[PDB]
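Every protein chain of the complex appears in place save one, which is left out.
Chain naming follows the written order as A and B, and within any one chain the residues start at number 1.
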């Protein structure tokens, strides 16, 4: 009865395995590597200016560098904010695409085997051996 | 046998809707109160879940968060529970 209609699937494991196979994490790293280096250089160069702007006597040159530094800082902030946001957004968009593809596979396997309910293994403390763990069947079906 | 004796409910969705409707957030104007109001809504939602479960003769109601997939043969009583919340 129950061995026929209920199954369990390890969503966490599918996610990890599919993420690695697709290389989603490395692909995101590549997508932001450039902007990340740029932002890093900006801070290196911005500290160097503050370094002098901390040891200069009042006057035309100090007033010009300050106005300059204060200008860079605002740009850095406005650029670093947009960075972190896009990072998080893109990351979420990707992890979500992964979840969806996995769920499509769970549904397919479930319909193939006439299973009405598939519970996430993380919420199961124990199951008899005639209750199917369809994780492996699902992985193979992920497109 | 536990077949149509199992149903699903989306606690996340319910907690959000009931929270907005009771405007518990705006009722701020911080842990002993944000967590207390959280609990208060959970108890109210669980009471409604229990009433709907008995009403439809369900023995076990699972949180949709722990369900990877359910066919149309497994009822989602979320909408029914929302109507019963008080």
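One rule holds in what follows: a contact is a pair of C-beta atoms (placed from the backbone, for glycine too) under 8 Å apart; a residue touches a chain by one contact, two chains touch by 3 or more.
Trainee: I'm checking contacts with the chain that's been left out. Which of A:19, A:24, A:99 or A:124 qualifies?
Mentor: Of all options in A:19, A:24, A:99 or A:124, contact with the hidden chain holds for A:124.
Trainee: Looking at the whole complex, which of B:11, B:18, B:74 or B:82 touches the chain that is not displayed?
Mentor: Once the missing chain is taken into account, the touching residue is B:11.
Trainee: Given the full complex, what residues of chain A touch the hidden partner chain?
Mentor: Interface with the chain not displayed, on the chain A side: 2-3, 6, 119, 122-128, 130-131.
Trainee: Considering the entire assembly, which residues of chain B contact the chain that has been omitted?
Mentor: 1-2, 9, 11, 45-46, 49-50, 53, 58-63, 65-66
Here is the rule we use: only the chains that are shown with their structure count from here on.
Trainee: So what's the Cα centroid distance for chain A and chain B, whole Å?
Mentor: A distance of 29 Å separates the two centres.
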